[PDB]
Every structure is written in C-alpha cells, then in structure tokens.
Amino acid sequence: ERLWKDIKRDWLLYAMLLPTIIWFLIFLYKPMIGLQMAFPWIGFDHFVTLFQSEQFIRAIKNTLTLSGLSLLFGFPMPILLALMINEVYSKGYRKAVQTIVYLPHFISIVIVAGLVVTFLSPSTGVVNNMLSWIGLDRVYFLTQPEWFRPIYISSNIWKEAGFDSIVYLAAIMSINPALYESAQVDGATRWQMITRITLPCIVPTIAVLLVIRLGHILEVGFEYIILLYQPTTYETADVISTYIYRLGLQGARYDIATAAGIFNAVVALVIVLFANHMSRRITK
Amino acid sequence: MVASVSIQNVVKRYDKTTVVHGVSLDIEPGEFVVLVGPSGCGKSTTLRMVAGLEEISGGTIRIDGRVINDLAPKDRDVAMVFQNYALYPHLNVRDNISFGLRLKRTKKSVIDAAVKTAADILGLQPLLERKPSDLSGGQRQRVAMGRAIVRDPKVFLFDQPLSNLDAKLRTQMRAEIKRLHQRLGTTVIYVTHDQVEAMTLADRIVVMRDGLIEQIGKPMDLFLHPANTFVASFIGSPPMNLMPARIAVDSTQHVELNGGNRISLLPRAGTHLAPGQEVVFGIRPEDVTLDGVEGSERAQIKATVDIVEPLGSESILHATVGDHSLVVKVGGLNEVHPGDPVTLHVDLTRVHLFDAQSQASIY
Amino acid sequence: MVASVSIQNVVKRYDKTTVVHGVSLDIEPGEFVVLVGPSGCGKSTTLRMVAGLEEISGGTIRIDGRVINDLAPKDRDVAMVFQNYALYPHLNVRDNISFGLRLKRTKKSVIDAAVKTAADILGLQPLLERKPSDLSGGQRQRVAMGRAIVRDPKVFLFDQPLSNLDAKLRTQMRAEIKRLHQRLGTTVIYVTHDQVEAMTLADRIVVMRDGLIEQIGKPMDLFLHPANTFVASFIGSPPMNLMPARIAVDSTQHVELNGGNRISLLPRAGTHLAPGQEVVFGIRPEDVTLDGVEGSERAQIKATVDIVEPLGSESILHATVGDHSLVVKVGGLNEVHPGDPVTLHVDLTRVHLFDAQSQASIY
Amino acid sequence: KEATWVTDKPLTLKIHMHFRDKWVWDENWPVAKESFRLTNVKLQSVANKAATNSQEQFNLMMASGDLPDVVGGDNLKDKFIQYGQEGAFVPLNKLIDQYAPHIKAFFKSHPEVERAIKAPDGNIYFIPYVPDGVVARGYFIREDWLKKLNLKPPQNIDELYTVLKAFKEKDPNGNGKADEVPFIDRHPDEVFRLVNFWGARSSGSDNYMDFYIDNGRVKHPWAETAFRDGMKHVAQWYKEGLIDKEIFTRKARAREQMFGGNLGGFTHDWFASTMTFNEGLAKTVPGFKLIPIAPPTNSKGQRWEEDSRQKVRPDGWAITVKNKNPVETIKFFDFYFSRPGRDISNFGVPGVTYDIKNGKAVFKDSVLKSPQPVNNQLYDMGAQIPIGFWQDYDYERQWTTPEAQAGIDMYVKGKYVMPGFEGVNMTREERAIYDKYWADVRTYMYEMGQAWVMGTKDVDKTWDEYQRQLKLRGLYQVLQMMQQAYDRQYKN
Amino acid sequence: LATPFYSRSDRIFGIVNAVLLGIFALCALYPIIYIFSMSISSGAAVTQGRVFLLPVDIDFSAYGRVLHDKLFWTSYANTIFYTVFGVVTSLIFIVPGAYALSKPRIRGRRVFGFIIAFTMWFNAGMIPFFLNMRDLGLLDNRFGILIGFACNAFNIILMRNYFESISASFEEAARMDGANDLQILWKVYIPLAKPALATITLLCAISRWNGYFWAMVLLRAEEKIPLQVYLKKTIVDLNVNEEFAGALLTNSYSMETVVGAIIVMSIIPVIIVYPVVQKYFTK
Ligand SMILES: O=C(O)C1=C[C@H](O)[C@H](O)[C@H](O[C@H]2[C@H](O)[C@H](O)[C@H](O[C@H]3[C@H](O)[C@H](O)[C@H](O[C@H]4[C@H](O)[C@H](O)[C@H](O)O[C@@H]4C(=O)O)O[C@@H]3C(=O)O)O[C@@H]2C(=O)O)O1
Ligand SMILES: [Ca+2]
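Chains as they are written, first to last, in the UniProt record's numbering: chain C, 25 to 63, 76 to 320; chain R, 1 to 363; chain U, 1 to 363; chain F, 25 to 516; chain W, 2 to 284.
Isolated chain C (complex conformation):
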C-alpha cells in the first residue's frame, strides 16, 4: 500500500534507523527479559524476604531521606547560581566565574571522592588542620555517620551545580529584553524582576528539569556512596541502589537483588508519572 511505497522510498533513511533500534533491543530491551527471568520458578517470596531485613528497610528509609535532602539543597542551587551569574556585569569577570564554576563537573566522581577523603583525613587533611587553626579541634569525617550526608550533598553541589546552572542560565538569556526594559520604565528593582519576571518565565524549564531529576531520585549518590561508605556509616549511607549492588554483584545474590531492582524501578516510574502529571498540568 502506502507503506511499501514509502519504504521503497524511505529505505536508505530506513537503513540508518535499524542499527540504533537493533542496539536498543539488545543492550536495553533484551535485559528486560532477564528482568522477567531472575524475577525452578518462584518467586514473589524473596520479595517478602526482601520486605523483611533490618538493613534493607533502613536503606529505603535512607534512600527517600537522601532524596529529600537532594531535592531541598541540591536542586535549587544551579537555578540560584544561574540567576547570580546573569546579574553580573563586567563581562570577563562573569566569564572568569563561569569557567571556575563549571570546571568541577569535568572532575571524575572517583576523583571527587578522593579529594574528599584527602581533605577530611584527620591530622593530615587540610580541613581538619584549618579547624585546629581556630581551635575547633578535629573530626574524623568519613567514619562519623553524622557527617555523611552533609559531606555528600556539599561535595555534589561543588561538582555539579554550575554545569547544571548552564541550562537555566540559557533559558533566562532567551527572554526578550523588552520585558525587562518595560519593567524598568515602571521602575522595577532587580529582585522585583527575578521574582516577577525571570523566575516565572523560566518556570517551564525548571519544571521539565525537575521531572527528570525526580526520575533518578532513588539512585542519588550511588557511585559516591559505593566509594566512600565505611562500616560505621553503613547505617546512614546505605541506599537501595547500593544494597542492590552489594547483594547482586558483590554478594552474588541475583534473584533477591533483581527483585529489589524492580521495586526501585517501578517506584521510580510511578514517581516520574506523578511528577509529569502535576508538572504538565500545573506548569503549562
């Protein structure tokens, strides 16, 4: 019919699409059948075994906690950094800030971890030294379960916040000046502007970026945690993704792990559905 004609016409172009489709089927969609297998069959029990663990339930309890902190402190920061750079005159000064603020993004996560362990080491690490300078004594940071999350979210904003600020910055740069100039004729003030124009105009961008941010919300800090979590911090640091890793790959317990992975994935899809709904609905 139409199809064959097109195809007869949409081939050379139809050829290109195939390997990408072959790839997605093999490395992405083929593993979902594995989802189905590791899910001698049954099953649904080790789900109730996974239900009861004193280490696990605290890992989800830690997961959504860390999600809370990352949403509170982590997310709004690149927007803040975005607005603050846009308020900068002086040309190159601003440029100088950007290259400074963007750079940490390119620093590897494991290197970030190393920077952390070398900075926070007692009697050696510069931070503790600076504390000894003003008479704050010393703290062994990575062992203390009290300090884990602050160290983490802080190091994370240091690494990713500028690069994440780039997008929002571009968005606010795309607003036609007329809104600002006409606002200035009525005598708006910079703060009045960012509240009454820049932010509301940039909202669709921050809402779209938030529903992606929520998509990964349960996996937050995986490589960091998997790198730096000590026995004493096992309690506060251990998160669902990490638990899955430890039992599934390290501990070589697959079925129970893959199942935990399902729990995580389904909850993530649910939270991104509930995100996209309220987002698209309420923000445009």
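Everything labelled a hint here was simulated from the structure, so no lab data went into it. Note that beta-carbon positions come from the ideal geometry of N, C-alpha and C, so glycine has one too. Be aware that a few hints might be false.
[What the hints assert, rightly or not] Reference listing, derived: stretches of chain C covered by chain W, where coverage requires no fewer than 3 residues with Cβ under 8 Å from a Cβ of chain W:
1) 118-130
2) 149-157
3) 160-174
4) 255-269
5) 278-291
6) 295-304
On the provided structure of chain C, position chains R, U, F and W with the ligands as indicated by the hints.
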C-alpha cells in the same frame, strides 16, 4: 500631562564609536513627532536616551523644566511601547496592564479604576482574563499600549511598534494610533524605518541618517521640498527618480540629461544655478505622464519601455532614459508593451534639482 | 524549453483530510501564472505536487505529453526556487550553480556557457567565487534563482521566493523577475501570499482560498470583476470598501446605504437584481472622489470625516457614513479638517455589488 | 633440563591468587621465574591487580563460570573445604600418595596438621601454608621515650595507662607539639587485643576472632560478658586519644608512618620485623630505640600473651576440576615441600637475595642491612606468600637481632604465651551450619566492635541488643555444633 | 541584563551579589589549586601543618613515583582508547539514527520514538544489564565496553531535535538535484548541525573519560583497566603494599603527596582542553 521635551546636542557613545552626533530637536506640547530613517541611525538610540534605557554621553535633554539626564526612567514621567511583545506570558491581560502599578501597589481600587479606563479605550475589556499565549499580535500590542496609558505619562515613546506586524495589520494599527492621538493628545515621539507611518502619523517628521539629523518639517514640507538628495529618495510611496543631468547653453531655462533630452525650466526666482553645473534632476513617478499631455509645449523627455507592472487602477511603468531608468506611475493599464519607444511628459512645476557635490536643494 | 503543463483534478489527502479539492488548471507554454491566497492553502502543496516533493493522491498532472504523477523530481524536468533559499552554505556560488549539472557530465559537458549566461542575467561578475554564509539574502536568492535557470528546465517553480526579503529589496527583485521572464520566457508557476506580486508578475492569476480554487483570469480581470467579496477585499493596494446595503422601492435604479444615503445605479445586464435584497456595496478608494469636482447629484454620498493620513501627493481619507467607515483616495496634500461632514462622489461605473449570503458578485 | 622438573614439555597454568587484600601472583616475579626454571611449570596469573578485597575476588571467580588451573591465597581454608565438597576442587589424596612423596612424608610426620586441613569427608582439598616457629607477636615500647621522660617500663596496666598518657601529653617526641600517637598497629584487630589488659581474650589463636576452649567448654571471646567490660576501657583509651584514630584504616603502612615520623609510642607486633626498624630508621630518627617488653600485669593479676605462631595457617592453594594437568600440578606443589622449593619460597632467588653456604641458605648482606623488613622484601619478590609451602624458621633467624631474640626468649621462659586453639572435627551436616552463619556473624562482630572503639556507639547501651543479634544471626547454633564436635573426641 | 545602573535597591544588591558569587567561586577553585600545590610540596610539609594553599618544601618527588607506575600509564591509554573509539561508535549509532528519526515520513516515527524514549524513565536495572552483558560474551572485553554503552536516549532525541529544527527546504532542494538520503546527510545536514554534534561528542567524551562503575564491574584483566578504576584503588581505598610502605621512607614523598600528584596527572588533560571547549559554547 501635556508637556514639551527639548533635546539639546544629545550624543550617545558606546565605546569609541559615537552612535549619535549631537542631535538637537525641540518638541512642542501635544505634538506627534516621528523620528525616521534607515537602520543604524540614532532613532532608537535617541528615543531610548529619552526613556533612560541608555545613558546620555553628552548634551542634555529635558521634559518641561526638568532635566532628565541623571534622573531615572521611573521618575522621568515617560511610558514606552516597545517593538517586541512586552507582555509577560504567565500573567493575564489585566495583570499585564496593572503590572507597573502593582510594583508599588498602594491599593487594588486605584489600579482597578485605571485598568478600567485603559481597557475601555483599547477595547480590552473582553480580553482581560485571557492570556498573551493566545492573542493576536495586534491585540498584544494593544494591551502593551494599555500598559503605557495606565502610567499616564507626559510623553509617549514608541519604538517601531508596528514593525513585527504584517502589513494588513500595520495600516489598521497606524490608523488606530492617529485616532488615539486625537483622543488623548499627549506628546509622543515615534520611531520608524517606514516612510509611510512617518508621512501619515507625524505632525512633524525628523529624518535622521547615520547619527545625524538630515531634516525636519511637516510631512508635506519634506515631500515637496527635500533638503537633499537623500530625503528626496527616502520619503514618498515609490522612490523619486533623481537621475544625473547638466545645464550647458543657458542656465535658468534648460536642463539636459543623458537621454539626449532637454527640459525647459520654470523660473523659480532666487535659484541662481550656473551653466554647465553638474546636477541631478529629480522627478516623482506621479509627476510624469504619458503622451496624453498634448504635444509637450516645453519639449519633454523621451524614453524606451523596460517593463510595466499593473497594480491597481494605476500601473508602474519602468522606462529607460540613456544609461538610467526612470519610473513613472501611469493609469491602470494600457497596451504599452515593453520594447517600443515612448514619449513622457514631465510636470515643470514639480521638478527638483540637486548639486552633485553638495547634495543640497538648488532649484 | 517552452512547455505546457496540464493539471487535472489534482487532489492530495493528509490522513482523512483532503488538502486540495479537485484542482484543475491548464497552463499555456511560456505562460507566467500566479497562485495566490491566504496563509494556509493548497498553493504551496500544488506547486510541491508539480515539483514531486509531495505525492499525488488523486487526479493527473503532466508536462507536455509526459505524465509526471509517478516520477522522480530529478526527472521531472522542473526547477524550483525555495522561500528559505535552500542553498548549501558550503560550496562556492559557481559550485552551487553548477552543482546539479556536475553530478554527472564533466569533460564534454563544459558547463561554461550556461553559467556565463546566468551570471550575466543576475549580473554577478564578482559573486562567482563566494560562500552563502557571506552574501546577503537578496544575492543569496539571486544565485538560488541561478541554480534554477542554469538547469534549463521546462517549468520554473517559485514558492514565495522574496517573502523573507525586505520591501525595498522585494520590489527590485520583483522587477528583475518580470524582466527575466521577458528575456528567457520559460513556463513559470509562482506562489505568493502577496497580492501585489500577483498583479504585477502574472499573465494569469489564480486565487485559491483554503480548499478549492476561487478564481482564474488576467490581473485586470480579477481587479475589475471580482468573483466574490473575498476576491474584492483581497486584491488592490488599499482594500475595496465593502459596506452593507439594500434596494427597496425599485431595483435597477437605486441602492441604499446605512446613514441617510442612496446611490442611483447603472442598469447594465446579466444583473438579475431584486428589491429589498440584502447586499454589500463595494467601491474602490480610487473610485470615490471629493464632493464632486465635476459631478454631480445622484452619484453623491454624505459622510463625516474621521481621519486623513497624508501619504504624499496623495492622501488617504477615512470617512464614516453609518456605523461603518469607507476609505477614499484623495488627490490631497490639500486641506480637509477631521470631525466636520463631507460629500463624496462615487464613480457609478466602478461600483460592485455582492449578495450578503452567496457572497458573490451580483452586479 | 633440571633434576627438579616435574614435566619434560614446559607447562603453563592459569592461577587465581589475590591475597591479603594487597598482592596478586606475578609470573614476572623473580621467585616465579626461578620456580618455573626448576619445575618447568609457569604460573600465569588471572586476577585484577586493581582489585582490593581478596575474599571478594575469590567469591567472584567461583561464580564466573570459569575456574583457573590453580587457586591460591590467605584464609581460603573454609572455602577450600566447602567448594571442595561441592566439587569445585579436586581431592589431592591419591595424587599425594602416588605423586607427592614430600607432602605425604610431611603429613605422616604431622598427623595434627593433616587433620587440621582435612574436610569432614576425610579429603584434603588444598596444600596448606605451614609456618615455622613458636612465638609470634609481643609488646614493644620506646625505651628512648621512657628515658627522655625519665620513666620506668610499666609493669602493670595502670602504669601503662599512665605511660601512654605521658606519651599523649608532654612532648615525648620533643617537637613542642601534641601530635604524638601512643599506640599504633599494622593490624587493626590488635586494638581488640587490648582487652587482654582487662582479662578478656580477643581470640583463641593467632587467627583473629577465633574460638577458644575453657574447662572443656567452647567459647567465643567476643560473646563473653568480660569482653564488654574490657571494650568499655579500650573505647575510653581511644576517646582519650591513646589509640591511633586511623587504626582500622591505616593498616600496612602504620609502623613506617608512626615510627618513621616519630609519632608512635607503643605497639604490639611480631618480634623480628618490629625490631628491624631500630636499625632501619636510626639515621632519620636518631634516638629511636624500640624494645620488647613482657606483657604488663593485667586486671586479673595474670600475664597474658594471647598470640603465638601457629601450625598450619588457613592459607594455601588448591587444584580445580578444570585443571587439565592434575598430576603435574601435584608434583609442582610437592616441589615447595622439597629442599629447593623451600629455598626459593623462603629465601627468594640465589645469586640475587641469597647464596648457598655450607648447605644452608644465607641471605645476602644487601638484604640483611636494608631498612625494610626482610619478609616485606620477600613478599614483593614472590617469597613468603601463602601458597602451599613449608616455612623455614632459619630464614627468620638470620634477620632476627639479639634484642629481638632476647625478647623471644623472655616470652618463652616466662610461659606468657597462651595455648593456641587447633580446631574441631565437624561432619558434613553440621559444618554446613557453621559455614552458613559464621562469615556473616564474624563480619557483624567486626563492624560492631569498630563502632564501639571509635565511640560512635556506646558499648554498654548496645550490649543487650548485640547479644540478641548474635543469637538471631546464628552464633550459638554454630557454638553447639562446635561443642558437639569437641565433646566426642576429647573425653578423658 | 539591564544596562543603565541607577537605584540603590539595585546597586547594593548587585555588589553583594558579586561578592557572594565571588566567595563561592573561590570555594570552588580552592581544592584544585590546593592539591596542585600539595602534589608539589614535600611529604614532611604536608604531613602536619603546612601547605594550606601554596607549595612549601617542594622536592617534586611524588610525580616520579607516578611516572614510573606502569598501571597508571596503561590505564590512561585504556581511557584514551575508550573515549576516542567509544565516541566514534556512539556517533555512528546516533547521528544517522536520529537523522532518520527527524524526518516524519517514517511509519515507525511514532513507535520507534517510543521505543528509544521509553528507556529514559524505565530501566531493567543493574543486575539484568550485567547478566545480559555476561551471556553476550562481552565481559572483560573492550568492544564490550564500547558497544555496551553507545546509545543514550537523551543524545538521540537531542540530535533529532536539532535536525528537525532545520527547515526541510535544504533536503527538498537536494532531492530536486537528485541527491538521495545518506548523501544529503553528509553533504548538508551534518555541517548544518555542528553545534548539536559538538554538545553530543562532548557529553559522550566526558561520559567515557570519567566512567568508573560499569568498567570496574565488566572488566577483569588489569591491562584493560581504564584509569578511574585503578584510580579507585589508589586514590580512595588507600590501603597499600608493604612495598609502598618501604618506598615511603626511602623517598621523602608522602602518601598524600603521591595521591595529589596522581589526581593532578589525572585532571591535567581536562583542565587543558576545557577552555577550548568552553570558548566554543561561550560565544
Ligand atoms: O613480621 C614478621 O616478622 C613475620 C615473620 C614470618 O616469617 C611471617 O612471614 C609473618 O608473616 C605474617 C605477617 O607478618 C603479617 O602478620 C600477616 O598478617 C596477615 C594475617 O596473618 C591474616 O592473613 C590477615 O588476613 C586478612 C586478609 O588479608 C584480609 O584483609 C581479610 O579481609 O581479613 C583477613 C583477616 O582475617 O585478618 O592478613 C594480614 C596481612 O596480610 O596484613 O600474617 C603473616 C603470616 O604469615 O601469618 O611475618
Ligand atoms: Ca609531637
């Protein structure tokens, strides 16, 4: 709220460039004055200097007695309508208008009344709760104007309000603007690259070129008696012809151009142009007719037809005279048929001459 | 070459929606024909269907005797000039021009004569070696046309070519197109949203409102005798005035307008009028005059002056009769004062009448 | 050709050996090259040299569907037995009897050792690391710091508290700063050994957290009520900054950092290697004198030395079912129990690190006078590594200094060294229980103890929940199995 | 933003803004200049009170240690390989793939789009991916790393978006000249897409260079190890041979100084190319 703005030797300088050269213009109260010229002249830069959106690098401008140079736009008693869509996409039309007033608030009643007025003027009442997302470009510009008239300024500042509009909308909006000036009567400076809006809307037209100010006068002054060759080529619906010519035998009588043609001249005393003088002879397409002007008492021009573009009840005839072509506006048809010879009859009273070196008005 | 394109009942359907309904047009060899209409319309889709960039879902279209319905655009023997200039901003100008012919055929194609011609036509000596990233949009479109004319096809296809160009440039290029078609003479179908270019360039105009084909005929045919109220309001430099009207006591004699006004009508033939009939009275701005100069009597009308916009040696007068306003073209630069009443003398021969429902020309 | 060749045609085998969370086998090792020369058998390592945890890597190898020809490392004994019973490892019994005279003879002269490495099925699935010596670890303190501060060596726990407090407080290192760290160890577990001063065992053997026997009853030192009261005090010592804050982390570099940097005041470690530092760093730390001390009298009025050199450490290598040359491999393994094999696996390589003198192996002077301990030097070369091999105490005697030797004799004469726990014989059924719960229980215990030491958790408050956790995690089940193994054998 | 100065409520605000942003910038630039100095300083200096910012006792010694490390340069080589060839494979799978996805004459345009995009919000999870890597025989394999992660949904829809943004008149004109599909893609649409190409090759590049987890999971042979893995061993875990303990005393560098030198040698190529990268996008 009817006030006079005088601009004295105002100059803008960006870095080393000096955009505007010390433009000076005085504007009477209640007057509608249009800055017009090509792109890159200080039209917008001057207007914005008035607004306070750009610093004045030299000279002073003042509204009434107040010298507004060091003042702020908020306090300058001005309102500006911009070129592109100054409304905020999230706010409703009512909130868009009331925005400036809600900056300081001070009551919802006062601003309610003001909005009532403005909406009544632009017919924005049914559009109040609607959103910029869905509105006509013209409607957007109307509410944008509502922003301005709700401020109740001494001066209305217009920067190419109609540029992004389609032509059909532009003529209408132009009419609406004139009507509006009748209704309100507030002093207004209006900036355009379009000769038409200038000729129609303006009480006084000031044409500017490359940072300088080429001429000032009523529309018909600029049209009938352009200071130079540029102003001649600029205003008017088609361009004025302006082809190079000379003088020869005698002076105040005959002028000859490249086509082996000679045109006798009406005296116009006070002219005093020299024989042989390098000159450019202008004539407007409406001031040239076909052979129906009966025998050319003064022995008018000769030309060969290039093309004919039929338009309305009129038609645009392109004829060539020597190395150059003149465009004459004739009736709304006729055989013509490009490629055959044709005799044109020039109106002697409407001819304009300009010197080659000094581009000034001469005849 | 000089070829004839026949189009018979051509229709394309998107999903269940039929874009063009049974469009049929026969185009003479060497004829310059213009498709024209509103924004969304099947002019671009028809042209595209000729080009072969869109498949033919129904009807047949052929060039000469060759049926092009199922064919390759390359083999369609057509050349197309895009609105977006469609030129590769990599290759040299000369390379862009020679591109189509350089796929095959080097060494005994020689390529030099054609590019010589096309270079002289658009008059580019220096522009032979350049890049599209450099040259201006006008020159970009010039060489774009160079690609087409160097192809030597049977038919030229133009989809809104100068649309993205500025007005001053648009007119120039329009003249260049006229002249070019006179010089070369290949068959050309030309799509536009602008009435002016249709009037100027077309041997025949065909106006298409969305869906079907509204009217066909020479420019003056569409100007003098519109098929409906739409063809009337669409064509002409200002809009033809259209106001509601009636008949009453007798038919072929009088037709009455809103406020206190009636016009004696010239009887003619094929009219088939009738008393009391709801009708819209059209009249062009040029077909209305001031108070009568000569005159007089039963051809007059009474109004009140709303606003007058001087254009030049001409002036646009907005006159209000009833709750509706009509626009007249004044020989002004004379003096008229807004707010006082004035008399208008309508040309009785150039009036147009259209039924209110049928929306088509009765008179 | 060589007389010690186990094959005529050269044979190359795939070995997975990742041990002590530090080293992997290197076929480019001088000792490896020598072993290949003498045995005509080259061992090529398949392991990640980037890996950290060795146990982890073993577990991953076993689950990867492919096994090498030989698997080796430290603390694999229980795993050797488990996976041997499951068929991952081949029984070496017939291979030893027919093809391995040296090992056979060794086991005949050492029925206890052979018994120790045997599985419940009566099979030997691996050839063990066999240590040679008597004493292992002893307490060492800085005599020069005692003399500079005019302090006498502590005879008791209270006196040592006071001494380590003096170390903590006023400038024993004389730099004008408080930077000094009184107690350091390369082994984190040694911090737990401090409970000895309060009358608690941290272990029943040289193996950390091992079980012990008291009056015919099997106990685990960490599950006892005394351990709580001791740990309270050790947590106090950490809190007062007497114990190195990094003790659980610093590990293998500890001595070199703390003694080399003149920060460390006290330690508990092996006699020889600890005494080597006196000669090594004497130029960098001019006054450095580290001397052996008898254990101080503890709170129970006794002198305890909990550590001793053991017989048959739970280390060694085994032959997989995927190995296509079991005979050649068992001969090869038997090489290391012969004289030349012991010579290369103990002294490194001849003409390089040692020479043959009077029929015995004598280290080069270049090795003996090196600031780095001889055994470390040997590790880096591929010697003294936990393959199946027979250790020779002479190798250690050569670098054992007179002060070290006198420390050893001091500990031997005083009978301070506690009797070591050799083991019990489980059947196939009960050992399954042991193996199921023990690793995880031990991990939990370690985590908890580390939490207590660093003061992140109060020992007293968490003790009850800790005991409950021990029961629910299956410690006591294992304990009853251990007991049922014990009481059958030993009666009267 | 706003050009003309004026109000106090602005001026003060702007100054405190520049100051806050300045302090933040300094905090963010601090760790980079620290370890650079710290890498250069002497073990004894770093071990107690010194450094804090500038070098102190120099001696330059740790760099030698890293320079004579064979696994370090081996791993660096591995990463250069993985970034270059990984990027190339990603491009060859994406750029044409998105190009087809852009043209809405495709039947699968609706469904293929869903296929690709759906992977964003739902993943089979860690273990299933690893296992599918296992039975595909790609474990401990370089090509397994290259082909394992090439296509991302994000880079695809982004690429197709920049393609779609381009007016169809170019392709149309090309077809008018006889050019078909692929030869269009290379001749016109690709040189038009340079910014999107840039953002893509950049994102993929950094993804390969800084990648850690799946490399250390999927790789066994040490000679295949890509930097950040090996880096994980030396820079974070921080437990070492008696060998390094013995190298410590005969050298006068420190553990910390060696770590510093290592992370420096790790970040240098990134600090170099970075201005070039930024300069492009920061126009
Ligand atoms: O120091 C000497 O003088 C000395 C002389 C002897 O000739 C002999 O070579 C002896 O070798 C000792 C060495 O000195 C260390 O004390 C070494 O410590 C080992 C310990 O024995 C355990 O094997 C420990 O196993 C760890 C394993 O490495 C993992 O970390 C795992 O997670 O936990 C286990 C554990 O249960 O602790 O590793 C220690 C280590 O390598 O540091 O023991 C040898 C020895 O031969 O026993 O030294
Ligand atoms: Ca000190």
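### Whether chain W covers the segment 118-130 of chain C (at least 3 residues having a Cβ closer than 8 Å to its Cβ atoms)
It holds, with 8 qualifying residues against the three required.
#### Entry: Verdict on chain W covering the segment 160-174 of chain C, where coverage means 3 or more residues with a C-beta closer than 8 Å
holds (count 4)
### Task
Check whether three or more residues of the segment 255-269 of chain C sit with their beta carbon closer than 8 Å to a beta carbon of chain W.
holds (count 5)
### Task
Go check the segment 295-304 of chain C versus chain W for me, would you? Three or more residues, Cβ under 8 Å, otherwise it fails.
holds (count 5)
### Query
Within the segment 278-291 of chain C, is the number of residues with a Cβ closer than 8 Å to a Cβ of chain W three or more?
holds (count 5)
### Task
Examine the segment 149-157 of chain C for residues whose CB is less than 8 Å from any CB of chain W, and state whether their number is three or more.
Since 7 is at least three, the answer is holds.
When the structure is compared with the earlier hints, no violation turns up for any of them.
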